[PDB]
Each structure stands twice: as structure tokens, then as C-alpha cells.
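*Asks:* Next come the chains, spelled out residue by residue.
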Amino acid sequence: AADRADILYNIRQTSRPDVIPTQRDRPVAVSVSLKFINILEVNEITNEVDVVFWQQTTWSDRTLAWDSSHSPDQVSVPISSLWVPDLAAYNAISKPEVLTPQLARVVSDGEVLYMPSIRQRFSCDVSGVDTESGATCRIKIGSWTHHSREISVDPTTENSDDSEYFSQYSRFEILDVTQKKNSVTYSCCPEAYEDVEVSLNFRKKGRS
Amino acid sequence: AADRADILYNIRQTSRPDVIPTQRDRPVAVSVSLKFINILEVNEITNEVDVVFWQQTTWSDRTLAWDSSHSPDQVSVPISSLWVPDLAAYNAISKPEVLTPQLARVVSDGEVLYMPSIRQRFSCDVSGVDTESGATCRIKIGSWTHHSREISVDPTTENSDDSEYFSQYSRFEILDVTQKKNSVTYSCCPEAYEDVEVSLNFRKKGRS
Amino acid sequence: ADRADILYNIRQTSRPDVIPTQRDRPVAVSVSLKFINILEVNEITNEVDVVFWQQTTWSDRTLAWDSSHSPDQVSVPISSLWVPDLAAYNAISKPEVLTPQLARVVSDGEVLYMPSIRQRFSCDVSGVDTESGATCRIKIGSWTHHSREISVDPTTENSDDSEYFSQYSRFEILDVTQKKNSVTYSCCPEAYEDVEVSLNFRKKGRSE
Amino acid sequence: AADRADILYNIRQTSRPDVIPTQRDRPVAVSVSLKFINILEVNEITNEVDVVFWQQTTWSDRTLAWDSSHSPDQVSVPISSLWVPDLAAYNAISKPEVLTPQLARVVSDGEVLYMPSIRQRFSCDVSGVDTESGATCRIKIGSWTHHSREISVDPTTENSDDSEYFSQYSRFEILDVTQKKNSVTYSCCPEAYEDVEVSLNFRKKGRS
Amino acid sequence: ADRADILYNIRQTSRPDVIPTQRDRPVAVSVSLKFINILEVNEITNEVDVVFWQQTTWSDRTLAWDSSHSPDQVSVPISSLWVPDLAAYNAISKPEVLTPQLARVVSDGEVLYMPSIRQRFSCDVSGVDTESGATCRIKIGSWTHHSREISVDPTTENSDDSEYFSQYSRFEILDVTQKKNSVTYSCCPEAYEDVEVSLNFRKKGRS
Ligand SMILES: CN/C(=N\[N+](=O)[O-])NCc1cnc(Cl)s1
Ligand SMILES: CN/C(=N\[N+](=O)[O-])NCc1cnc(Cl)s1
Ligand SMILES: CN/C(=N\[N+](=O)[O-])NCc1cnc(Cl)s1
Ligand SMILES: CN/C(=N\[N+](=O)[O-])NCc1cnc(Cl)s1
Ligand SMILES: CN/C(=N\[N+](=O)[O-])NCc1cnc(Cl)s1
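Going down the list, the sequences are from chains E, A, B, D and C.
Just so it is clear: in the first sequence, position 48 is 47 by the authors' numbering, and no numbers are missing.
Just so it is clear: in the second sequence, position 19 is 18 by the authors' numbering, and no numbers are missing.
Just so it is clear: in the third sequence, position 168 is 168 by the authors' numbering, and no numbers are missing.
Just so it is clear: in the fourth sequence, position 65 is 64 by the authors' numbering, and no numbers are missing.
Just so it is clear: in the fifth sequence, position 207 is 207 by the authors' numbering, and no numbers are missing.
It is worth saying that the hints were derived from the structure and are not from the lab.
C-beta atoms are modelled at their ideal positions from N, C-alpha and C, and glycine is treated no differently.
Take these hints with a grain of salt, some might be off.
In the DSS-like style, the derived pairs of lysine-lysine whose C-alpha atoms are separated by at most 25 Å in a straight line are [unchecked claim]: (1) D:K139 - C:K94; (2) E:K139 - A:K179; (3) C:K204 - B:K139; (4) D:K139 - D:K179; (5) C:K179 - C:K94; (6) B:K139 - E:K94; (7) B:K180 - B:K139; (8) D:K179 - D:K94; (9) D:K94 - A:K94; (10) B:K94 - D:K180; (11) B:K204 - B:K94; (12) A:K139 - A:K179; (13) A:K94 - A:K139; (14) E:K139 - E:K180; (15) D:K94 - C:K94; (16) C:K203 - C:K139; (17) B:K203 - B:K139; (18) C:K94 - C:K180; (19) B:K180 - B:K94; (20) A:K94 - B:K180; (21) D:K94 - E:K94; (22) A:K139 - A:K203; (23) B:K94 - B:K139; (24) E:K139 - E:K94; (25) A:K139 - A:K180; (26) D:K180 - E:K139; (27) D:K180 - D:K139; (28) E:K139 - E:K203; (29) D:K94 - D:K180; (30) C:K94 - A:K94; (31) B:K139 - B:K179; (32) B:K94 - C:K179; (33) B:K94 - A:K94; (34) C:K94 - E:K94; (35) A:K94 - E:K94; (36) D:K139 - D:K94; (37) E:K204 - E:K94.
Computed footprint of chain C on chain D, listed as stretches where at least three residues anywhere in the stretch have a Cβ under 8 Å from a Cβ of chain C [to be verified]: (38) 3-12; (39) 69-83; (40) 89-99.
Let the hints inform the model, and build the full structure from the sequences given.
*Replies:* If you want it as C-alpha cells, here you go:
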């Protein structure tokens, strides 16, 4: 059929990175799930935390679909060639440091999977981080300019070990992670903006 | 009967990011409003503060207008495809750090709203920041190259809560925030440059 | 024509990489540093962090147009026009431009470019804690154009040395003097003109 | 006989930087080998180490091959004109800092070689760094978005000293370096991602 | 042919990614470090923060032009020209060019580039606090071009060492010797020429 070069060419032909792939007249269903990899530099005085994580992002874009009958059903494409959710962490106090090659996976049916590793600083509750019950830091992520009728965010509830990929060499340890969906409204505008809230319950590891 | 692809497309046909959309001979009306999200660093000796805020900027651009009678009346567009006010913080001692996706919301009537979240350090009065009455840090923001006749800056007076969006985990707290208007002239030229004096009356949270 | 046409023509004539040497002779570039602040200062290492507005002027005949029935001046991205390759010889960090990179172009070809710069220099910091104060020398000039291509001369004028100096700074400006110079180097036989700006300052609140 | 220009041009005309050089659906065999050069900023408390190494990377793309009969059999080419494996250090806690020109080396038989010098922080076991047995820091490097069916990583078990290129001025010393191979699956996909695991064994040089 | 014409020409015939090899002979590139300032230093970790002007010269005939009735020198952005792919072999931080990135091109095809660079190296600092001082040796050369493709010779132009060094620094230059050398590895049989810049300095006596 066609080769990976043909698939990419077609993409750049039918893709519109600056236009949201609004299916029918309904918002794009962007799924977000954070995989905590490390917890660095914590300050209980300034309520700040340096965190490394994998932002597993997904959504569909039918304008990139193709017939993978006798050709590959998946390819890696630079995000600059694709439309990407304008996600932002509300309580983030430093721009996200993308530590991995910014490539997205695209399936022939239009399913897009972007999972960059991210290091970033947040302003959250760090209190009790050294107590047995630990602290609970809450990360809010969601579109920055698209409201509920354009983009919906939902956490892909996939029963897994909160610290499955979490470093064993960190001074801290995850106790639990729960991801809830929310929808806030602002005075700037009459519409609401969906967002996912990830609650990181961690603490400093004791001693033998 | 046009979709978002048409809107963005048409926008790029009439948009002149490097040209100021001055209607006839009157200046461009820019509404500026800062929404303090956090106060990270504060130095009583050097009188410097590291702040985080949502700079709500507004202005109209008729050349971007379009009939939305049968299409979305709004779309998010990269600020690189639109002209944007050359606002600057006169007492900033560090370059602005935009923590959010650089997208603007453009309304079918040409209205433009850009609200980036910024972290920036300033030089201002920090004295009394540890007192009951707290400290008052004023931030002067305005066009850097367009004088009063070309660009005008007015605060988006919207009597709301000063700390409505302020972080609760900060070591400081907002006492009050007033945003007035100013018109200062300089040496370079006899033209007067308009600015907005945001007065952030804040103090260190005392409860220990 | 409108401002769109003025900026348009500037894109046709302007050669951002071709020095506007008018009829075989150097280009007259004036430079005036408007010290705004003095941040971190180390006497042990002799290094200082300084914020200032580098007021740069010069003429580019190629840009001149007819302001008979059109705006006399327009702001244009410095990337759309030739700009001096000024450099600070005793600079120890890249020049951090805190303001929008726009220059003021007058219909007669006169160009004004005044960015706010945050930089770290290597200079005599000793005596900063004394009455006479310390004097820091800033040598600025073209990095690749010699005396026959660029002539850098301080915009001498009975201006106020502390006119725009932050009142909230830990230091106070005692005196600012600007001496012009012309040095030759061990690479080329030609002479490179420079401008030395002496910044006399000291700590405030010292025991009298 | 063709010269370097002709050769480069040939590469640009056939090379697909955003397309993996797959040969009949078999995966691209990618070889990795880190030549540690220096170890800096070690922290046994937080288990973080800064490492400087030469990531020797090798793979093939026979579509770029040419007849070096009477013409150069090798040329340097900007990696932006070539397809480069999207390798990533899974345990890195800082984006890679490339300290050298980003040029590759293409050989007349389609073999491509890229060896950038990198400085990067990692989260690994550091306990024992000040002991005779030293510490063992395992670094995992492998394709970030291409699974084993698309890319395969294999450590060149070539004979060479461990601290051969290692700085003698480093506060540490390499006791031994062993490169293994892995293939992990993730909650995203059923396919596996091959990665080379380098185990560095070093200890604080004790001049006693 | 005025400057606009010159630049146009250069920018139109310059192949930034194609090494300008004259016939079969390698490209003769000259390297000269002019230490402008020695910042932070650490004898414990053997690391120094140096500032130096990297004088780099070479030729590219393809850029030549008759300067009889026109200028014989123009400033051109290095991004428009092919530039030697030098790298400090023992650098532990990427080079911070603090000056405009422009080269000087003479009508004969001669190219001169001297950026001011601040960079951190890993080298011998032991004795920096003594009368003898320390000798930090910096090796610079091509990264991908071997001896047959590129050659680096330190401009033997007898000049002063601390000539442009900063007087306000905390250290002082005792001596500097640019020695040409060669380097080979177990990857490739070919050798890569480089320049060893021996920096002999010590802390200035506090008094
Ligand atoms: C997600 N939070 C927002 N506002 N808020 O006040 O929080 N969104 C509205 C916009 C932000 N930037 C543009 Cl343009 S419209
Ligand atoms: C804010 N201070 C100014 N002048 N001043 O003399 O203080 N602004 C005018 C300009 C700044 N940059 C250009 Cl170009 S015109
Ligand atoms: C400031 N020191 C110079 N030479 N020197 O020998 O010290 N400048 C001349 C040049 C700098 N870059 C080019 Cl190209 S020509
Ligand atoms: C300067 N040291 C080199 N190798 N070495 O093993 O030390 N150079 C060869 C190459 C550098 N980058 C590519 Cl691609 S080939
Ligand atoms: C390293 N962890 C991964 N998945 N996971 O679910 O943990 N990697 C697979 C991918 C990474 N980026 C894209 Cl796109 S697919």
C-alpha cells in the first residue's frame, strides 16, 4: 500500500495544527493522566515542589485518519505537525521543562497519543510532608483558552500503581494519587473551563 | 456556513501582527488588568518581589472581524498570527516568563482577549510587608513604543475580589489591589506614554 | 498611504544585514545608558547586575518616506531593519532584553531603539561601601564595524543621571559620565570606536 | 567524481528527518554507547548526579549511500537534515545539554554516526559513592516513541577501557561500566520499548 | 557593486553546511584564545569559569569578489557562512557567545570570527592559591572533521597574554602557551587536530 513517508506527507496535507478538530459541533475529548516519576526539591515553608511526571495525553483527530490495510497503522509525528490541546497547569510556577523528544503517536483511525516527560514547579500544599500521613499537593491541568463546549478533559481512570514508574531513589514516596475531574468558571468569561485535578499524597521516607 | 478552518484562514489573510490596527486617527483601546495568583519571593532589604499574575489584556481589531451568523463566533489564535500590544512593566527587573500557551481568544466582532499567566520580578516598595498594614508594591505597565495618540491603556475596572484567584498556599496575602491610570512623558520624545499603576497592597501571612 | 503601507515599504527597501553607510562614510550611532537599577553587587568578585535603558540612535536614509499625508513615525520589529552590533566589552552575561524589540522609525530615516537591558559586568566594585563610592566602567561599541563604518559617540546632554533610577534600590547614583574612545586591536589595523560610561554609585543608609 | 556539496545535496533529496528509515518493516537497528567523560555535582542525600558523556549513536540508512570510488567516503551533515533516533534517558531529571556542534557523519554505505557530548542530571543510586566498592548509577536510554518492532537498541560490546576518556581531574573515578539491554512494556501500549541500561560504577577518589 | 551587492553575493554562493575544501587539501583554520577574565574557580572540583575572545580565521574562496571599485570587507552573520565546528574537548558547559554572531569577510575570501565566550571547563586548578599558580589546559578543535578535512594551527603571532585580561578579576595570568596537537580514538582511525591553550594563573594576593 503506502509507506511511512506517504502517511507523513498526507498528514502535513490534511492536518491543521492551529485548528481544533471539532467533530460535528461537539468539543474534543482530551484525556489526561499523570504518571509520577519523581519528586524533587520540596519546601514546606514556601509550599513549592519540583515534580517530574509523564503527561499521558490522548484525543481523536479524524482529519489524520487513513486506510492501514497494507500500510502501517501508526507513526510518530512531531507535535508541530499536529493540533495539540493547549493544556496548562494552573498552579504551575515555572514553564514546563519537556525532557523527552516531542513526538506524538498517531493511529490510522485518528487516535493521538502524546506522553512527554515533564519537570515543573507547583504552588501546592506541602505541609506535613515529613509527617506519617504525608502532604497532599493538588495539580490542576486543563485547556487554557478552550471552554467546555470546545474541549473536555477527563482522567483515564486506569487502576494502576500510583508510583508504578516512580523512582525508588527519591527521598519521597507516593502514598496515594487520585485524579478528579472539575469545571471552573471565571469572571473573564460567561463559559466554564474543564480541568483535571490530580492529588499527590507523598511524604519523606523514614529510616531503618 | 464556515468552520474554524475558514476563520483562522481568513484571519491570516487580513492580520498584520506588525501593524497597529489604529482605526482612522484615534488610538487603540487596550484594557489591562492583572490578576495576582501568587507572591513567591519578597525581599525587604532589596525591595524586590517575584510575582505570578494573569495579565488580562483586551483590545479590538476590526480587520479580524467575520460574519459568525452561521459559524463559531470565537476561536483561539496564536498571538503570532495577530498584532499584540507592546506592553511592558516599567519597573520589571527580569524578563516576563509566560507560563501558559500563547493563544488569544478572538471574537467575531474583532474583539481580542489575551490572558497569559506571567511570573516576573519587580523593583518596588516592600517596606512594611511584615506589618499589619502590609506593604504596597506598585507596578507600571504600558506600551513601550506607542504614545498616547496611537495606544491608550485603561484598567479593566471590574469591582471583584482582589484575591479571588490568589493562591492560598502563598506565604503572603492580598490586602487590596487598586489599578489606576497614568500619563507620563519622557526625554526621548515630547509624546506622552500612557500606563496603568497597579497598587498591590499585601503583607506576610501571620499565623504561627 | 496608511501605516500598513509604510511598514510594507520598509520591508522592500530595508536590508537588515546591510549597514546603511550613506555615501561612503561611517554611521553615526549615539548611545546613552539610562541606568534604572543596580541589583546583585559583589565586591569580592567585582561583578555587578545592572538594569538600564540603552538609548540608541542613528539614521538610515533607505528607510525615509513621505510623511506629507501619512504618519510621521512608526514602530517596527528590529528584525525588519539594520541595527548596530553594539556590544559591552566588559559584559559577563548575554544582554537580557526585558522590553519588546521594536524601534522607532521617523519618515526622515532617523531610527530610535531603546531597549531595557539587564546585564552583568566585570568592573571596579571596590568602595561601594564608602562616601566616594565605587565607579563601574561600561565599555560599549560596535563589535565588527571599525571607525570608518561605525562611529559611536555618547549623546551628550545635561540630563539627570538618576532621572529614572529606582527610588527603591539599595544603591544611589552619585555621578554618571560618558567618555568616548577609539582602540585598535591585534587582529586588524583599523580602529574600533567605543563609549565608556562610568557609573559612580554607593550603598545607601551609611553611617555618617 | 562528486564533491562534498554533491554528496550533501543527494542526502537532502532522499533523507527524511521526520521519517524512520525502515527496511521492509524490519526495525532500524540502533547502536548506543556512552563514553563517560566526567562526573559532577554528586548528592548521596538526594540521589542525584550530573554526568558528562559522549553518547555514541549508530544506525543505517542505505538510501543515502553513494559510490565513494573516486569521491569522499564520509561527510559531516547537520542532524536537522537527517533522521535521528528519538532516544531518551528514562531516569534523567533534566533535559540534555548538548555541548558540541550538532553535526553527524554519514559514510558512503549509508551508515550514519552521531556522537554528541552531553551533560545531564540523573536520579540513580548514589549510596556507597564514598566507599571502596563505590556506587552504581544505572542510566536507561532508548527510543521514546518507537517500539521494538520499529527500533532496536543494542550496546556495542566493543573492547574499550571504562575511564579511557574519563577526566583525570574529576573528583571521582570509574571502577567499571557495564551496558545491558532491556525491553519494557507500558500501560499505554501492548508493544515493548527496547532500551540499553548502562551501569556506571564510580567512587570518590581517595588520595589515602 | 556596493555592500548590498556584496552581501547578496555571499549569501547567494555560501554553502553553510559544505566545508569549503580547496581541491583536496584540508581547510586551514587558525584558533587564538584571548583570555578576558577568569571568574568562579574551584580547586576541590577542578573547574573554572573563563571568559575569552575566540579568534578564529580561515578562507572560503567561493566568497571572493573584486574589490577594485567596491569595499574589500563586510560583516556577515555566521549563520550565512560555513563555520568550523570547533568544540572545547574538556568543556563542561555549552559556550555562551556574549557578542553579536557576525564574521568579517574580506574580498579575498578570508574569514575572521572572534566571539566573546564564557564557558566552564574541567581542568587542573591545583595550586591556584600559590606562587606557582595552576595550569588549566583547554583543548579546542573540530568535532567531526579529521586532519585531512580540517587543520588547526594556533596563530604563532607573538603577542601579550594578559593584554586584554580583566584587571578587576580575582586572578591574574602568569603565562599562556597555545600548542598545536592531535587526537585519535578507538572509534575512528583518523586523528583530529586541536589547540591546547595552557592557562597559568593564580589568585591575586588580597592586600
Ligand atoms: C482557563 N482559564 C481562563 N481564564 N481565567 O481567568 O482563568 N481562561 C480564559 C482565557 C484565557 N486566555 C484567553 Cl485568551 S481566554
Ligand atoms: C519608556 N521610556 C521611553 N523613552 N524615554 O526616553 O524614557 N519610551 C519611548 C521609547 C522606547 N523605545 C523606543 Cl524605540 S521609543
Ligand atoms: C574587540 N576585539 C577585536 N579584535 N581583537 O583582536 O581583539 N575586535 C574585532 C573583531 C571582532 N570580531 C570580528 Cl569578526 S572583527
Ligand atoms: C572529536 N572526537 C570524536 N570522536 N571520538 O570518539 O572522540 N570525533 C568523531 C565524531 C564526532 N561526532 C561524530 Cl558524528 S563523529
Ligand atoms: C515510557 N513510557 C511510555 N508509555 N507509558 O504508558 O508509560 N512510553 C510510550 C510512549 C511515549 N510517548 C508516546 Cl507518544 S508513546
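*Asks:* Now tell me if each hint is right for this structure.
*Replies:* Hint by hint, here is what the structure shows:
1. For the proposed pair D:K139 and C:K94, the alpha carbon gap of about 24 Å is at most 25 Å, so the pair holds.
2. A distance of roughly 32 Å separates the Cα atoms of E:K139 and A:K179; the hinted pair therefore is violated under the 25 Å criterion.
3. The straight-line distance between the Cα atoms of C:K204 and B:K139 is roughly 24 Å, inside the 25 Å bound, and the hint therefore holds.
4. Pair hint D:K139 plus D:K179 holds up; C-alpha atoms about 9 Å apart against a cutoff of 25 Å.
5. Using a Cα cut-off of 25 Å, the hinted pair C:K179 and C:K94 holds, with the two alpha carbons roughly 23 Å apart.
6. A hinted pair counts as satisfied when its Cα atoms are at most 25 Å apart, and B:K139 with E:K94 does not qualify at roughly 35 Å.
7. Restraint check for B:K180 and B:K139: the C-alpha separation of about 9 Å stays at or below 25 Å, so the hint holds.
8. At most 25 Å may separate the alpha-carbon atoms for a hinted pair to count; D:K179 and D:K94 meet this at roughly 23 Å.
9. Between D:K94 and A:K94 the CA atoms are separated by roughly 22 Å; this keeps the pair inside 25 Å, and the hint holds.
10. Restraint check for B:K94 and D:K180: the C-alpha separation of about 43 Å exceeds 25 Å, so the hint is violated.
11. Restraint check: the Cα-Cα separation between B:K204 and B:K94 comes to about 28 Å, which exceeds 25 Å; the hinted pair is violated.
12. Taking the CA atoms of A:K139 and A:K179, the gap is near 10 Å; set against the 25 Å cutoff, the hint holds.
13. With a C-alpha separation of about 14 Å, the suggested pair A:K94 and A:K139 falls inside the 25 Å cut-off, and the hint holds.
14. For the proposed pair E:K139 and E:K180, the alpha carbon gap of about 9 Å is at most 25 Å, so the pair holds.
15. For the proposed pair D:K94 and C:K94, the alpha carbon gap of about 14 Å is at most 25 Å, so the pair holds.
16. About 23 Å separates the Cα atoms of C:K203 and C:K139, which keeps this hinted pair within 25 Å; it holds.
17. Between the alpha carbons of B:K203 and B:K139 the distance comes to roughly 23 Å, so the proposed pair stays at or under 25 Å and holds.
18. At most 25 Å may separate the alpha-carbon atoms for a hinted pair to count; C:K94 and C:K180 meet this at roughly 23 Å.
19. Between B:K180 and B:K94, the direct Cα distance comes to roughly 23 Å. Compliance with the 25 Å bound is thereby established for this hinted pair.
20. In summary, the hint linking A:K94 to B:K180 is not supported, as the alpha carbons are separated by about 30 Å, beyond the 25 Å threshold.
21. Distance hint between D:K94 and E:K94 is fulfilled; the C-alpha atoms sit about 13 Å from each other, no more than 25 Å.
22. Between A:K139 and A:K203, the direct Cα distance comes to roughly 22 Å. Compliance with the 25 Å bound is thereby established for this hinted pair.
23. As the CA atoms of B:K94 and B:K139 are separated by approximately 15 Å, the hinted pair is consistent with the 25 Å bound.
24. In summary, the hint linking E:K139 to E:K94 is supported, as the alpha carbons are separated by about 14 Å, within the 25 Å threshold.
25. Of the supplied pair hints, the one linking A:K139 and A:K180 holds, its CA atoms being roughly 9 Å apart against a limit of 25 Å.
26. The straight-line distance between the Cα atoms of D:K180 and E:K139 is roughly 37 Å, outside the 25 Å bound, and the hint therefore fails.
27. Restraint check for D:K180 and D:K139: satisfied, since their Cα atoms lie roughly 9 Å apart, inside the 25 Å limit.
28. Under the criterion of a C-alpha separation no larger than 25 Å, the hint pairing E:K139 with E:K203 is consistent with the structure, at around 23 Å.
29. A hinted pair counts as satisfied when its Cα atoms are at most 25 Å apart, and D:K94 with D:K180 qualifies at roughly 23 Å.
30. A C-alpha spacing of about 22 Å is found between C:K94 and A:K94, which places the hinted pair at or below 25 Å, so the restraint holds.
31. Restraint check for B:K139 and B:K179: satisfied, since their Cα atoms lie roughly 9 Å apart, inside the 25 Å limit.
32. For a cut-off of 25 Å, the pair hint linking B:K94 to C:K179 is broken: about 30 Å separates their Cα positions.
33. Note on B:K94 and A:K94: the hinted pairing holds, with a Cα-Cα distance of about 13 Å set against a maximum of 25 Å.
34. Under the criterion of a C-alpha separation no larger than 25 Å, the hint pairing C:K94 with E:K94 is consistent with the structure, at around 22 Å.
35. A C-alpha spacing of about 14 Å is found between A:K94 and E:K94, which places the hinted pair at or below 25 Å, so the restraint holds.
36. Only pairs whose Cα atoms come within 25 Å are accepted, and D:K139 paired with D:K94 is accepted, the gap being roughly 14 Å.
37. Restraint check: the Cα-Cα separation between E:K204 and E:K94 comes to about 28 Å, which exceeds 25 Å; the hinted pair is violated.
38. With 3 residues bearing a CB less than 8 Å from a CB of chain C, the region 3-12 of chain D meets the requirement of three and the coverage assertion stands.
39. Counting residues of the region 69-83 of chain D whose C-beta sits closer than 8 Å to any C-beta of chain C gives 4, which meets the bar of three, so the coverage hint holds.
40. Look at the region 89-99 of chain D against chain C: 4 of its residues bring a Cβ nearer than 8 Å to a Cβ of that chain, three or more, so the hint holds.
The structure fails to meet hints 2, 6, 10, 11, 20, 26, 32, 37 from the earlier list, while all remaining hints are met.
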